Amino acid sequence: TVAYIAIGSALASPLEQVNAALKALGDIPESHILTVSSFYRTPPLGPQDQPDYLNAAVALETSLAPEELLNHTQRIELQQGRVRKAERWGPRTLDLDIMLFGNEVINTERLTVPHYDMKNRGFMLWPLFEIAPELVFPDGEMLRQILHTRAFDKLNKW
């Protein structure tokens, strides 16, 4: 099954963290990375003190169950998702979200797939479009269609 995973980092200098996360994703059991989008920059839409976010999308082939994949992405967030500076470990700055899991619809306490808000987010749609321009959602909606309708601005590369 092809799973599409969104990567977000809130770090001032996120490349190291994002690379560590990518390596960890590739090490997930019964899985391998198919492709990785470019890294995209998105400024904060509010308090401008916050660093730009780094966004990307990953296609992962997996034989794991969706909730098993979630266990792994959540583990990676716990293991690579925080950075120490000086005398303190920072809070979670890495976000790994399952956007799509094959052509499956999931609605459990732990998992909503397709991701509940991705259709509102250029920062999740554009990297996904780069790696899966012909993508069709489980309900028959098309990624191209959503981008065409909402006219979200393209993202600058990191």
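Shifts are known only where both forms have a C-alpha. We call the rigid core the largest set of C-alpha positions that still match within 1.5 Å between the two forms. Residue numbers count along the first chain shown, from 1. Compared with the form deposited in another entry:
A 2 Å or larger CA shift between the two forms, after fitting on the rigid core, occurs at just one of 91, 133, 29, 43, namely 91.
Once the rigid core is used as the reference frame, the Cα position of residue 75 differs between the two forms by less than 2 Å. 47-49, 82-92 make up the set of runs between the two forms where every Cα shifts by 2 Å or more, each run at least three residues long, with the core as reference frame.
To test you: the structure above is the form deposited in one PDB entry. What is the structure of the form deposited in another entry?
No partner chains or extra molecules come along with it, only the chain itself.
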């Protein structure tokens, strides 16, 4: 099963945090990386201008069940990243999201696939389109049509 995973990171030096994360993803049992998108650069949310965020997408072939894959992405987030001390509820310093899991639709208490907001997020869709331009979502919508209709601005490269 081909899973597509969004990776984000702005902490310390994003390039080596993300590279360590990719190595971790590749070491997930019963799984191997098919391809990784380019690394992209997105500005921080808020006017205060935090560090720049590094965004990418990974195609991972896996025979794990979706919740088993979740277990590993959560483990990697714990091992490779941390919580913001002034915002424990805020996003961690390394973000992994399972965007898509084959053609599966999953609405459990722990796991929602497709990612619930990805169709509204250029920073998830553009890297995905780079590695999977002909992708079709479980509901039949084409990735290309979403990017075209919604007219999301392209992302700058890291």
